[PDB]
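As structure tokens, one chain now follows by itself in the form deposited without the ligand.
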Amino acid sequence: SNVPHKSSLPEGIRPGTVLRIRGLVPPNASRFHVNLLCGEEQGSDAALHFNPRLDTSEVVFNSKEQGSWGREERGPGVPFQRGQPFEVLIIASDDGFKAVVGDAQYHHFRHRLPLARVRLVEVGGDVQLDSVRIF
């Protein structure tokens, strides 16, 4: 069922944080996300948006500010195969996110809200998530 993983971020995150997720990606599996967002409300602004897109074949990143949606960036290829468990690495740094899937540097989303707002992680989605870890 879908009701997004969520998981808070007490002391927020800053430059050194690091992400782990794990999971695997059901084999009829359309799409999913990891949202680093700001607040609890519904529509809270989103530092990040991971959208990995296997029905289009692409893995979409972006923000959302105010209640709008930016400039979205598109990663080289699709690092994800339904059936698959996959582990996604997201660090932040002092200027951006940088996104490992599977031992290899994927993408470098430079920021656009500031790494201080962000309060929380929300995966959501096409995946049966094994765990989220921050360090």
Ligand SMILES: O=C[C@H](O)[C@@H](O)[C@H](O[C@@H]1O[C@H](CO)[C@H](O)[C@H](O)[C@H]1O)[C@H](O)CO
Second form
Number of protein chains: 2
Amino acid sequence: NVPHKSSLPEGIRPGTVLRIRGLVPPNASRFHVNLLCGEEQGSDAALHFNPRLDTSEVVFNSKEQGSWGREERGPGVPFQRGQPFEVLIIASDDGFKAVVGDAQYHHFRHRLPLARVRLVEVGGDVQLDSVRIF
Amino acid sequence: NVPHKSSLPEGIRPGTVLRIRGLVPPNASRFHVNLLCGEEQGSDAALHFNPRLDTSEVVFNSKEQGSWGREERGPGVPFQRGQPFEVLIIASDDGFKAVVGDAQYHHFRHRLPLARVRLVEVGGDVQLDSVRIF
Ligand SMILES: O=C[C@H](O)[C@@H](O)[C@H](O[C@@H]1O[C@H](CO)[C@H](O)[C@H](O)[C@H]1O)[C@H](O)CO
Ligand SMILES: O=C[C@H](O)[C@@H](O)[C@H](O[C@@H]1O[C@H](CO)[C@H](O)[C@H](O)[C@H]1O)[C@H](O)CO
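Give me the form solved in complex with the ligand now, not the form deposited without the ligand.
Then the entire complex follows, led off by the chain already shown.
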């Protein structure tokens, strides 16, 4: 599938909503949504949101200087192979709210300053219908 | 039609998202989304968002101590009688972003402080499928 990768040169601020609509392929392993602080491979990640169909979990984390932080896991897995989905990633002063379907799923407190984010990437085993930043 | 009215006793903040899904009746005239600062119908309004199918405009305004402020109008009318719609009202530190469909429609600067909001009303000529505060 074609991934999404787009620059946020003015950054994101509290009140930013990333809306992602798509379908999990029937043979999917994992896909990811990253909010990154640079363009180079290995750049710091303010948020890594990683639905894992192969291991029935959704992992949240950050990355600084090449190292992963403490993993946070949401409750259950609100994604199914072969099914469409809608995700909101909502930025506040305190963190990122992940909404899947009709309910908040998990809240990830900021570890890196939000002002460091300047790129969004959506990739892995996912068919994207739309990616929008409001 | 059945309206929505729910309390926000803790107020709202940058990163609050109101997601409204519904259908505009085929003979609709107007409907509204209000963020109010009290429990009475005449309570101050931090946001009054008023799609008007009868006069082909969408009006934004605030109300304080019984008086309306300066009206703001969006570009065109992204609603149609008989059609379903999705609206996001997204709060930032600077204002409310109104998203309709796949695009930001208008940005309305705060006239009232966010901390004063404590009620959300959705009513008028509209059929509501979902009202959520994220
Ligand atoms: O934590 C242990 C779990 O068993 C597993 O989550 C971890 O995997 C990485 O997790 C990263 C996010 O913390 C990121 O997703 C990366 O891509 C993954 O390889 C570990 O490295 C070990 O397997
Ligand atoms: O032609 C534009 C007019 O300015 C018209 O829009 C005004 O309508 C009110 O507008 C309010 C929001 O400003 C709110 O919607 C109220 O319910 C409406 O009666 C009123 O006739 C005069 O103030």
